[PDB]
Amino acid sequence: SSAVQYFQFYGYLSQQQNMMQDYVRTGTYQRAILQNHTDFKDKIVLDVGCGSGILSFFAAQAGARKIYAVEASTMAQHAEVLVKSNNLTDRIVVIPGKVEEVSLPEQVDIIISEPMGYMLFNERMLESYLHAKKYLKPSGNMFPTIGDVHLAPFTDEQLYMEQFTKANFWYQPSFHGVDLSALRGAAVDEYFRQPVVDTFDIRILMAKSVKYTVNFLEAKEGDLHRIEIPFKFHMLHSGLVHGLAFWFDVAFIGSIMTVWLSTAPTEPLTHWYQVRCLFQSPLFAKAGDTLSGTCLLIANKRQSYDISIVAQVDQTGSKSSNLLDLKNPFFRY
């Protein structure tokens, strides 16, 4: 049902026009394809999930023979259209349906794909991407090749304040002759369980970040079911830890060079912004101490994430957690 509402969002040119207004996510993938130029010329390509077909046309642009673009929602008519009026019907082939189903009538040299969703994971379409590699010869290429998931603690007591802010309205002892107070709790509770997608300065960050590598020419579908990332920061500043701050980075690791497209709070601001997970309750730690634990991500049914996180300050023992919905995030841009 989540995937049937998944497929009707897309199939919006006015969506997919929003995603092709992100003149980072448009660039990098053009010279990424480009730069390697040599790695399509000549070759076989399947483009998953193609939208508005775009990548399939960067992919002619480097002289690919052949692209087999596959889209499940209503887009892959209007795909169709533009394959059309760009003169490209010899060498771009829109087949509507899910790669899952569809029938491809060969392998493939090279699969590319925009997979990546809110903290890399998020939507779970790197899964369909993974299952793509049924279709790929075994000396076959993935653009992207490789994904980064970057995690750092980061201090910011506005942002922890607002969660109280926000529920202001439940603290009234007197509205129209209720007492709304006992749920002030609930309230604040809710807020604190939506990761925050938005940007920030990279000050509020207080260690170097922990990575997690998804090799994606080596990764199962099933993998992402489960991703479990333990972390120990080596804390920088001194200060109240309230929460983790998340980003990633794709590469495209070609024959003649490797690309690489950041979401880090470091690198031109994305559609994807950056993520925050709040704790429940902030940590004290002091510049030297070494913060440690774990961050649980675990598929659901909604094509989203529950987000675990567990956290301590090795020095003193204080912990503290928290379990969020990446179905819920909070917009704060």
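Here the rigid core means the biggest group of C-alpha atoms that line up within 1.5 Å when the two forms are laid on top of each other. Numbering follows the first chain given and starts at 1. What changes on going to the form deposited in another entry:
Once the core is superposed between the two forms, every option in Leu217, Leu236, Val81, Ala186 stays below 2 Å in C-alpha shift except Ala186. After superposition on the rigid core, the Cα atom of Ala167 is displaced by 2 Å or more between the two forms. Superposed on the core, the two forms barely differ at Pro138: its CA moves less than 2 Å between the two forms.
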Second form
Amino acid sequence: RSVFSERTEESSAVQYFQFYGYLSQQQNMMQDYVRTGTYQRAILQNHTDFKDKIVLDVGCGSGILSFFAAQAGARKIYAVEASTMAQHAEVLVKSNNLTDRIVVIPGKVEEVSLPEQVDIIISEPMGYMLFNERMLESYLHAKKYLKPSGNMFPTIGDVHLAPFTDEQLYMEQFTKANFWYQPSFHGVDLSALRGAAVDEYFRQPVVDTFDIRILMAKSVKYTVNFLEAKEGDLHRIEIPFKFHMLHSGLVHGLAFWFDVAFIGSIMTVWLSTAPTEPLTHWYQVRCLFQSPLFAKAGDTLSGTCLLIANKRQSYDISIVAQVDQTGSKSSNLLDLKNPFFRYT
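Switch from the form deposited in one PDB entry to the form deposited in another entry and give that structure.
Here you get just the chain by itself.
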């Protein structure tokens, strides 16, 4: 029917809203102090962006960002939420005596009707590696409700990528896969599935944190401007790169992280998930090559990271990389939807 259901398979949506419908998941995000404190600070230090203004909160969850908008003096806040968390949010609005200012609207932002246009849209729509969930497209879709010259909080997003070396990680994944190399598992020859097995394990991005000393070159940055982007821009995301290698060694893959900026009238505030910054519930994300690349300090590692949105609220990631000085090439395809959550 809607823009949402057209891009989203049934089973994915059901599973996705069940996950966010749990108080325990909302708590996990709320208790990321760097995340929640930075949102509150961006909003309160930019109070003139909220004072007597009309606000839309995309995917309000517990209602937390809407309470921050209210604290900053907003006249009216529409808090849209498609999971069963909406009913919990309406309980909090009543117990906090803000029924006159915060209006919970249950359902998908692609499907509801808002009574008026808004001055500013707030949301926390970043998945791991920024793009997981495809909730950035809901955030962009919501611009149908934004007044001309309205603002977006966050305003921009930067994705960073850098080559890394981590033989321990590589061998950890390699070792699980080589279960399927055994020629006599309880007398059975599994070895014909070894290739399929290496592919499966290496298709999984790795979600955890790491020491910055694994990084082999300065990060390449790709920027999404939320004020200017249309949701269609996010169907196919193409990030070319050329790294000037600062260290010699084996390149085991690319590491990803992201920052968003709240570009307000009074000040710009940054929220970062960089590995040089304090840890957040996003950690960082690594895509391994099953076939690692040898490079020397001063080489250039060049290629393309391509993200193709899929119906399961995620992206098919291809990473083609090469060491220019040798013509050594690595081609990889990752399933962002199904990663190894190594931090657990």
